[PDB]
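One letter stands for each residue in the lines below.
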Amino acid sequence: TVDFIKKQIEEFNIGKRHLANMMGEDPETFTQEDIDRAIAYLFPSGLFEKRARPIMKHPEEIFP
Amino acid sequence: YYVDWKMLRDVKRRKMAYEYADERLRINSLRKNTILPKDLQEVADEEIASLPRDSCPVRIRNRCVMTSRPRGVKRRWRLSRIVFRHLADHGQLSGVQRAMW
Amino acid sequence: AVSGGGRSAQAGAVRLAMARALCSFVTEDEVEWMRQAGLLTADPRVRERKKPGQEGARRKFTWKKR
Amino acid sequence: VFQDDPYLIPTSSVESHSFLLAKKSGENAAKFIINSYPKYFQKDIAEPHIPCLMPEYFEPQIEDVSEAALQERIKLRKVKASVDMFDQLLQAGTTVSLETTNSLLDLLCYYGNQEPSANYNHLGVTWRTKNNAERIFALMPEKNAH
Amino acid sequence: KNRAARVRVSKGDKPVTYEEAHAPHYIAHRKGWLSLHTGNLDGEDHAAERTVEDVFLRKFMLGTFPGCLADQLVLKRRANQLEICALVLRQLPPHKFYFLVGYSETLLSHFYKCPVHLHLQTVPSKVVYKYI
Amino acid sequence: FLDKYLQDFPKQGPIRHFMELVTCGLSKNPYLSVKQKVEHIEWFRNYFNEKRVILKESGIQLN
Amino acid sequence: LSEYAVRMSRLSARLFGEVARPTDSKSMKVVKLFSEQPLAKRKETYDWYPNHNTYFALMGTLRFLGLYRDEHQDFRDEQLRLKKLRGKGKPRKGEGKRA
Amino acid sequence: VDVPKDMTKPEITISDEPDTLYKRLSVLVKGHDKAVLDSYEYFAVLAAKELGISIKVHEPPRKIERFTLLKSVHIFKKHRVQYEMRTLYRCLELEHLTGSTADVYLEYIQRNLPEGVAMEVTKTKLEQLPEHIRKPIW
Amino acid sequence: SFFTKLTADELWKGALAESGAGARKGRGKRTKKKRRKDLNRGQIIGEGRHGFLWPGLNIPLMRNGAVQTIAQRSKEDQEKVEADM
Amino acid sequence: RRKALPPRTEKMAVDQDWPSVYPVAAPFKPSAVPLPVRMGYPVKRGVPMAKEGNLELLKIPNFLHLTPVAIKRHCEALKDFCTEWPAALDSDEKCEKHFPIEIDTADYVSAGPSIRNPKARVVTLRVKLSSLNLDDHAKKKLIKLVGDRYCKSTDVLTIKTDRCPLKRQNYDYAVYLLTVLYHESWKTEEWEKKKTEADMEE
RNA sequence: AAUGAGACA
RNA sequence: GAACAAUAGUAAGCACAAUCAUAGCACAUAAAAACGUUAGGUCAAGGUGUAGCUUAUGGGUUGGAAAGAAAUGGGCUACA
Ligand SMILES: [K+]
Ligand SMILES: [Mg+2]
Ligand SMILES: [Mg+2]
Ligand SMILES: [Mg+2]
Ligand SMILES: [Mg+2]
Ligand SMILES: [Mg+2]
Ligand SMILES: [Mg+2]
Ligand SMILES: [Mg+2]
Ligand SMILES: [Mg+2]
Ligand SMILES: [Mg+2]
Ligand SMILES: [Mg+2]
Ligand SMILES: [Mg+2]
Ligand SMILES: [Mg+2]
Ligand SMILES: [Mg+2]
Ligand SMILES: [Mg+2]
Ligand SMILES: [Mg+2]
Ligand SMILES: [Mg+2]
Ligand SMILES: [Mg+2]
Ligand SMILES: [Mg+2]
Ligand SMILES: [Mg+2]
Ligand SMILES: [Mg+2]
Ligand SMILES: [Mg+2]
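So the sequence lines, in the order shown, correspond to chains A, B, C, D, E, F, G, H, I and J.
Per PDB author numbering, residue 70 is the first one in the first sequence, and the count goes up by one each step.
Per PDB author numbering, residue 28 is the first one in the second sequence, and the count goes up by one each step.
Per PDB author numbering, residue 332 is the first one in the third sequence, and the count goes up by one each step.
Taking PDB author numbering, I'd label the letters of the fourth sequence as residues 88 to 208, 236 to 260.
Per PDB author numbering, residue 36 is the first one in the fifth sequence, and the count goes up by one each step.
Per PDB author numbering, residue 325 is the first one in the sixth sequence, and the count goes up by one each step.
Per PDB author numbering, residue 4 is the first one in the seventh sequence, and the count goes up by one each step.
Per PDB author numbering, residue 52 is the first one in the eighth sequence, and the count goes up by one each step.
Per PDB author numbering, residue 88 is the first one in the ninth sequence, and the count goes up by one each step.
Per PDB author numbering, residue 51 is the first one in the tenth sequence, and the count goes up by one each step.
Keep in mind the hints are simulated off the structure, nothing from the lab.
Note that beta-carbon positions come from the ideal geometry of N, C-alpha and C, so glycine has one too.
Careful, some of the hints might be misleading.
Examples of chain J residues lying across from chain E (beta carbon under 8 Å, computed) [said to hold, decoys possible]:
(1) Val87
(2) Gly90
(3) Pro92
(4) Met99
(5) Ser160
When you get a sec, could you build the whole thing from the sequences and use the hints?
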């Protein structure tokens with residue numbers, strides 16, 4: 070699954086660029102903490118399970 | 028068709044009560060007041076009892092709009108307890124969740 | 332200024348507040364002595380709920396075997 | 088107008104005509120059911136009231152033979168009902184207003200004494243010498259500029 | 036044993052979607068409500084009328100799209116307009132889908148006397164979350 | 325204000341005591357329209373007009 | 004309680020619209036009868052039952068028009084067909100036990 | 052590059068009637084999920100700041116409704132299934148808001164209201180004394 | 088009584104009775120295999136007993152470059168179609 | 051048969067303006083959202099499900115149409131339909147000085163085919179008595195006449211009207227009560243001299 | 001702390 | 001079908017576990033608890049197989065289901 074990881078890595082960087090574009094911030098310093106607060110705003114999911122909320126992180130950290 | 032013959036009778040009972048709701052209110056006002064002469068009140072009792080039996084608010088029965096269960100019905104949702112759980116457990120009712128505390 | 336609860340709940344609450352408020356005026360060494368006596372630790376004992384199908388929090392109805 | 092789903096997004100100009108007209112036929116198909124069975128949509132829970140969602144009626148609401156009922160058929164784009172009822176009114180001896188007669192002629196003249204285009208029930239001169247428009251025009255007692 | 040809205044374990048050959056794979060006690064913990072409206076708030080009235088209309092749409096959409104419906108509908112009520120979100124399989128030709136979309140939008144609007152929005156998302160097959 | 329609808333009533337008998345209670349209740353009623361309120365007042369006029377002999381033997385003469 | 008208090012209480016009642024003259028406890032019910040909407044006229048009462056006749060008739064007509072397909076009604080018809088094939092159907096009027 | 056040139060055409064007829072002044076406007080949004088209310092508050096605050104309203108936001112305490120129903124369809128009354136309805140509150144106060152500005156702010160807020168929440172508006176309109184009181188009449 | 092109806096899968100899951108306690112320890116000696124029939128095997132979306140030709144579902148939308156309209160079916164024609172089913 | 055076209059996410063520009071894609075509130079379209087978002091509880095050894103064919107991302111009320119970029123653009127266009135609050139009415143104390151009457155009204159919005167809420171007919175009128183022209187005798191009579199509607203600490207008078215079906219009728223009725231109470235507190239009627247020493251407030 | 005089972009493979 | 005100074009077992013699925021709720025954590029309580037057992041309970045929530053009724057086991061109106069010799073279970077109030 071090496072190629073699948075590589076595909077996830079490249080599209081995550083592209084997806085990060087789109088999120089920075091719509092958020093109106095600097096894409097060079099669009100840190101992960103900024104991404105978490107951005108996702109929590111665009112998709113306000115009210116659920117008690119902390120792991121059930123929408124996430125968009127590094128595929129290396131997500132995939133085992 | 029309503030789900031049962033019992034439900035059909037309730038619809039007729041509610042319809043009859045609505046037609047005579049205003050007439051009963053005017054007559055019942057005379058009875059419930061002690062300043063009017065007692066002779067007039069006795070005549071009022073005869074007239075109010077001469078109305079059709081089905082035109083009585085007390086005879087109205089609250090059932091479930093789905094299965095027409097005569098009891099075990101929540102007034103807010105007008106649903107039986109069995110039907111209410113069936114809709115709630117599938118997540119089809121907004122803001123309804125299993126209580127945990 | 333204490334609000335809510337009974338006579339003992341207010342008395343215990345005021346006791347806990349004074350212990351925390353007096354730590355400023357007392358040296359650090361006796362603050363440790365305050366903890367060892369239980370003054371500074373809040374009481375976690377709260378009234379429990381009533382389970383559905385039981386008379387009280389723990390008591391159940393009479394169990395007729397036969 | 089079209090769905091954002093890729094399977095439903097049109098792929099060519101030929102698809103656009105087919106897709107859009109299919110949706111347009113759906114509105115006509117549904118409105119046919121609404122008008123066919125008015126009693127199934129008389130319930131109203133709209134507050135404030137929305138007169139653009141209530142079912143419409145095409146059959147004459149008044150089945151009696153009278154001048155007032157005749158005007159309803161003219162306004163409901165009915166040609167055969169109007170001309171038959173107008174003849175009955177004339178045979179009854181009751182007078183008919185000239186403006187109503189002119190209004191009847193306008194409906195017949197535009198469609199050539201025919202029905203309009205409904206959901207469901236070029237070369238050459240479409241006008242005919244043997245037409246009801248000329249017949250009624252001669253029968254008019256007083257003829258104005260209009 | 037509890038049996039409300041559950042699918043029993045039978046080897047590992049029966050696919051289950053995300054909605055059906057969670058027990059009812061996971062509501063508001065792992066999955067949200069299929070319908071959202073103001074009726075079931077604290078101090079709001081008009082709750083029974085919303086419920087009966089919700090049930091009718093569960094029965095109307097299921098019968099309007101036979102076989103091609105993927106899973107349960109999602110009903111959103113904003114202002115006086117009603118939004119219906121559906122997942123539909125690739126079964127009918129696109130001509131029939133637009134016919135049903137136009138038929139559903141007009142018929143429901145003139146029945147509930149409120150504007151209706153019908154948005155569709157098409158998937159190749161039922162999405163599988165566990166087993167399979 | 326519904327006093328203008330009580331002109332044709334006995335000013336001193338129990339009818340005035342009864343009618344003013346009805347008007348006071350109708351004043352506090354938000355769910356009833358003005359035309360509907362007059363119907364209740366009119367019905368009382370009809371009811372008392374039809375039954376006149378019973379009021380004669382009631383013990384007090386009422387107009 | 005003084006005569007001054009009686010005048011003030013009645014004067015306030017006249018302005019705000021309550022009953023001025025003294026009224027019995029039971030005699031206050033007639034005011035309540037008209038002040039509140041009667042139970043038989045509340046929207047919760049006469050509109051309690053959804054109109055199942057319209058719901059059932061509309062879907063039955065749509066079933067025959069091919070716009071709505073009901074699985075449950077198809078199940079009854081399929082099983083009813085098998086009963087007729089097996090020879091056990093519903094007799095006509097006047098055929099139950101008189102023969 | 053190709054854009055519709057000047058596609059804006061609104062009209063604002065300034066009449067001679069004085070505008071209505073509101074002392075303080077209160078908006079109370081209620082919903083089931085905190086996340087929606089948290090994002091909705093951010094949207095309202097951002098729009099309010101741009102218009103120059105100087106609003107203050109506080110969270111009223113929540114309340115929980117519970118009720119109990121029987122579990123089985125026959126007997127077995129010692130086993131119960133409970134349910135819970137949670138309504139979360141959020142209040143946004145508006146101070147020194149004109150009538151013209153109040154109309155646009157509310158309609159812009161109301162149109163973007165999420166389907167899972169509702170709100171109540173408490174407007175404290177201020178005005179001078181009535182004519183009879185102001186004009187000396189004994 | 089529209090709300091009283093159920094789903095096809097629910098009806099067959101109950102009629103077959105292939106999940107009760109009878110078929111556990113040989114209690115069921117019926118020996119006759121009950122068969123489940125899919126009632127959607129023959130479906131024509133739009134076709135009905137009254138025989139309405141809806142443009143888009145059964146009949147083609149465009150005919151000779153002209154879009155068809157709603158039309159019914161002849162009594163003899165409808166009988167043959169039903170006889171085909 | 052018919053195939054599935056590639057999603058427009060591939061054709062989406064890097065620097066395109068987002069609000070043009072979503073002008074109004076719309077459900078989450080997986081093809082129309084370039085953001086790769088995963089939600090849902092993951093498997094024991096796995097990752098949360100993707101954004102295509104996921105109902106969890108569809109139930110949530112999205113805020114894609116209220117992006118901060120769009121909010122500034124939306125609000126700026128609305129700045130034309132506004133009028134400035136007077137600068138002299140800065141302190142709340144001056145507001146009472148220049149406007150002594152405040153009226154409370156409520157409007158309710160809920161999801162449904164109807165807007166008729168019976169609780170929206172209430173009108174609350176509050177007036178500070180220190181800003182009126184009551185005399186020593188008239189003010190004492192007004193307090194004794196209005197009953198419990200007057201607060202002795204904040205010196206505020208509250209009038210609540212609910213009988214009128216509409217808010218405008220209640221508003222006209224609420225102001226009617228205020229003026230009739232003022233004109234009556236100045237009528238020293240003949241029976242007023244029959245005061246009891248136990249009824250005196252001082 | 002003696003007794004109990006019938007038309008279940 | 002196991003021996004850890006290891007002698008035939010292996011990696012996943014469900015359940016337990018962990019997590020979540022009771023607005024800090026902790027503890028505690030809730031909630032959960034598979035596959036099966038008792039042909040356990042419910043044709044009277046509702047649907048439905050098979051069998052039965054069809055001027056009747058169907059529908060409507062009016063009036064009426066009393067009463068405790070006695071035995072027992074769970075409760076409230078007491079015997080200060
Ligand atoms: K049966
Ligand atoms: Mg039945
Ligand atoms: Mg009762
Ligand atoms: Mg105890
Ligand atoms: Mg069973
Ligand atoms: Mg023996
Ligand atoms: Mg194994
Ligand atoms: Mg384990
Ligand atoms: Mg915890
Ligand atoms: Mg624990
Ligand atoms: Mg437990
Ligand atoms: Mg556990
Ligand atoms: Mg048994
Ligand atoms: Mg047993
Ligand atoms: Mg039994
Ligand atoms: Mg039955
Ligand atoms: Mg039985
Ligand atoms: Mg049967
Ligand atoms: Mg009988
Ligand atoms: Mg005993
Ligand atoms: Mg007990
Ligand atoms: Mg005692």
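Here is how each hint holds up against the structure:
For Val87 of chain J, the interface hint is violated, since its Cβ never comes within 8 Å of a Cβ in chain E; the closest pair sits about 15 Å apart. A least Cβ separation of about 6 Å between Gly90 of chain J and chain E falls short of the 8 Å threshold, and the interface hint therefore holds. The criterion of a C-beta within 8 Å of any C-beta in chain E is not met by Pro92 of chain J, whose closest approach is roughly 10 Å, and the hint is violated. Because the closest C-beta pair between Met99 of chain J and chain E is about 7 Å apart, less than 8 Å, the hint holds.
For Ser160 of chain J, the interface hint holds, since its Cβ comes within 8 Å of a Cβ in chain E; the closest pair sits about 4 Å apart.
Violation of the numbered hints given earlier is confined to hints 1, 3; the remaining hints are satisfied by the structure.
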